[PDB]
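The chain below stands alone and is given as structure tokens, in the form deposited without the ligand.
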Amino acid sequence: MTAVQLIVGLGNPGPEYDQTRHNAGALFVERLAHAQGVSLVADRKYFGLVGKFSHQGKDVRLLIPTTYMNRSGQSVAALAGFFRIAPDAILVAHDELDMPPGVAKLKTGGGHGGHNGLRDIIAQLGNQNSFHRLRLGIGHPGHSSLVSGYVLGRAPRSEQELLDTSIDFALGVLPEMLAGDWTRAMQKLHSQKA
């Protein structure tokens, strides 16, 4: 129905945060960009790294905000606003605590589930939570108090490997995601085991 025009990968900028769990979405987009031979240009006008490629007569943009996670909306709103991109033409890839490593799922609208990145985006878009999300599982520490230190940590090798597998499964369903066919995108994706 509605073709995706923007794909966002969430994460924190800087060496200190590079390769940490909270940067899954960014990793996804980065892998996507490479696979597509798309260059990510540093553009201060959108507060992040921007990329573009064509698909079916339309321009699809890739974005990795270089703001901190809790101010990512500024980045998204900035680009979506400049190109008049509707919230439902937007896919945001992010880390998901509620699913274990190696699992990736799609979802349309809903809560931010406590993810400060998502929360800012909903807010900045004028309380639009209409957009779709690619949820890349990273696991849960076990307790609410440990969550903050857990997402800013680098996962052991076994876990990073499962995440790598899930991102690969996700790229596998790109055709369907780019087209906006979420029902087929979900069926092919959601029946994949790590």
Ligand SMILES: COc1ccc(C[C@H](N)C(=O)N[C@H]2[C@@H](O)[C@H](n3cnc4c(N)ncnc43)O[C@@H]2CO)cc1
Second form
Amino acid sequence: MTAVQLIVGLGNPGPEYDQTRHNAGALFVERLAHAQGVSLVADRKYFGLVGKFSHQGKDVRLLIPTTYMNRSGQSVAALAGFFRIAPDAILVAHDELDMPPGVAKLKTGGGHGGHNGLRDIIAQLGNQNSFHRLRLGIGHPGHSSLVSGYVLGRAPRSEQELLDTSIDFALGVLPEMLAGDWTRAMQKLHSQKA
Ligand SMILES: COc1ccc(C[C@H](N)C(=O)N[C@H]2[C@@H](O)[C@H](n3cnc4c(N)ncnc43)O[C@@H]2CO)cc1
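Switching conditions: you have the form deposited without the ligand, so give me the form solved in complex with the ligand.
Below: every chain and molecule of the assembly, starting with the one above.
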């Protein structure tokens, strides 16, 4: 229906934040770029790492913002703005507290749920939330006061492997996602068990 033109992977920059839970989305996009043979170029204009490849005669861009997570929108709006990409043609991959490691789901629209990357993107896109999300489960620590330390921490290896597994499931529906066939992507993805 509407082909995806931009896939954004959320995360924080630098070695300290690499491999942390809040970089799950960035990890998805890095894995996707590697599987597709796409180079991610540092591009100051877009405040991140940008990659491009062609699919069905159209350019699809990959973006990992190198802002801190709470300014991710600045990156997304700079790139979407420049190429005139509507929210409906954007997919944002991100960590999801409300699902355990090993689970990925797709969602169109909705709020940010206290995810400051999502929050900034919604604001920067002109208060538009109708982009698609790839929700990568990272589990929840069990109280609101533990969340900040938890998402900025490195998960136990078992949870990381489960995340890797969910990323693979999601890559398995890339054809559907790229085409904008969310119904099919959802049917295939949400039926998978890690
Ligand atoms: C503690 O020191 C730092 C260091 C770096 C950052 C960068 C970034 N801006 C961020 O990581 N953001 C947030 C939120 O996006 C994230 N987060 C995700 N879901 C959340 C929720 N329901 N409630 C609170 N924070 C949540 O927690 C992270 C750490 O507090 C932030 C804080």
